[PDB]
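As structure tokens, one chain now follows by itself in the form solved without the named molecule.
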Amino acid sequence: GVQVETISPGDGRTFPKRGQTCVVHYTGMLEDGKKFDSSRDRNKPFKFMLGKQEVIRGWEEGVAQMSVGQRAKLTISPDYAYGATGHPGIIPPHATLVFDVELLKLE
């Protein structure tokens, strides 16, 4: 599943609901700490609509437990990310992913 650990608290009241657009900044890493993706490097926030499955299951379930303004570390198992096949060339098979995610606002 996905484990959510707080890095900096959000408002503790406003939680994402299915259908809303989450605007986040994130950095993805492999178990070892190797960065594979980061909206922060592109200095452009990433947006996705909750419930539309346009992101991995771990994001759908983990970001829904975060509140606006919160920054958390999500540790995601293979079955909630890219599974056995992974994404050859970027993500290994059966990879446990770690994401540093900050929820900036909801639209």
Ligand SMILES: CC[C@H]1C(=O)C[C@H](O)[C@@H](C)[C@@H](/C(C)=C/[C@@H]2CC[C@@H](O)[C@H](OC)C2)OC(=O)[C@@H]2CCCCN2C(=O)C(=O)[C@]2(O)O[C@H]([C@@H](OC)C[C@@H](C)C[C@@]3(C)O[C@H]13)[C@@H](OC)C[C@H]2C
Contents of the next structure:
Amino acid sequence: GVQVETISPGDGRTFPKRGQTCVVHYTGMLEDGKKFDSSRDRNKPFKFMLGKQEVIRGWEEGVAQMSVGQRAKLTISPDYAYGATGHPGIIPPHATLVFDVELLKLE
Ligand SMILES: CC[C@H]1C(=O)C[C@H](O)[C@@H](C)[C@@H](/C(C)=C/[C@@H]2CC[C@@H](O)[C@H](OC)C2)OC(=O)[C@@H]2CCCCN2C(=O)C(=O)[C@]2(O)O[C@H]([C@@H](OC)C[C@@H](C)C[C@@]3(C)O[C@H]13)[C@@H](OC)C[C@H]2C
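Pass me the form deposited with the named molecule bound as well; I've looked at the form solved without the named molecule already.
Let us now look at the entire complex, which starts with that chain.
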């Protein structure tokens, strides 16, 4: 599944709801912490709408448990990420992933 570990607290009150657009900054790492992507590197917050099947399962479930302003480390098992397929050249088959995510706002 997904483990959610707080890096910095949010407001503890305002959580994503289906149909809202989550605006986040993230860094994606392989299991050992090696970075493969970051929205921070491109100076571009990432937006996705909850309930629209736009993201891997670990994000859909993990980000929903974050409150606005929170930073969290999401450790996502392969079944909740890219599974057996992986994503050739970026994500190995059967990879556990770690994302640092900051929930900036809901739009
Ligand atoms: C069409 C191009 C469109 C896109 O990729 C949309 C797509 O849905 C994205 C949002 C989705 C993802 C790749 C789903 C798969 C669909 C196939 C299905 O089999 C898979 O199931 C297991 C899941 O991403 C995710 O769920 C997760 C969680 C949210 C953050 C991104 N995610 C990551 O894992 C990353 O960090 C990663 O580096 O992000 C980059 C990134 O581009 C720099 C994507 C956007 C920022 C840019 C966008 C919108 O422009 C693309 C990505 O590039 C191709 C490779 C991955 C490894």
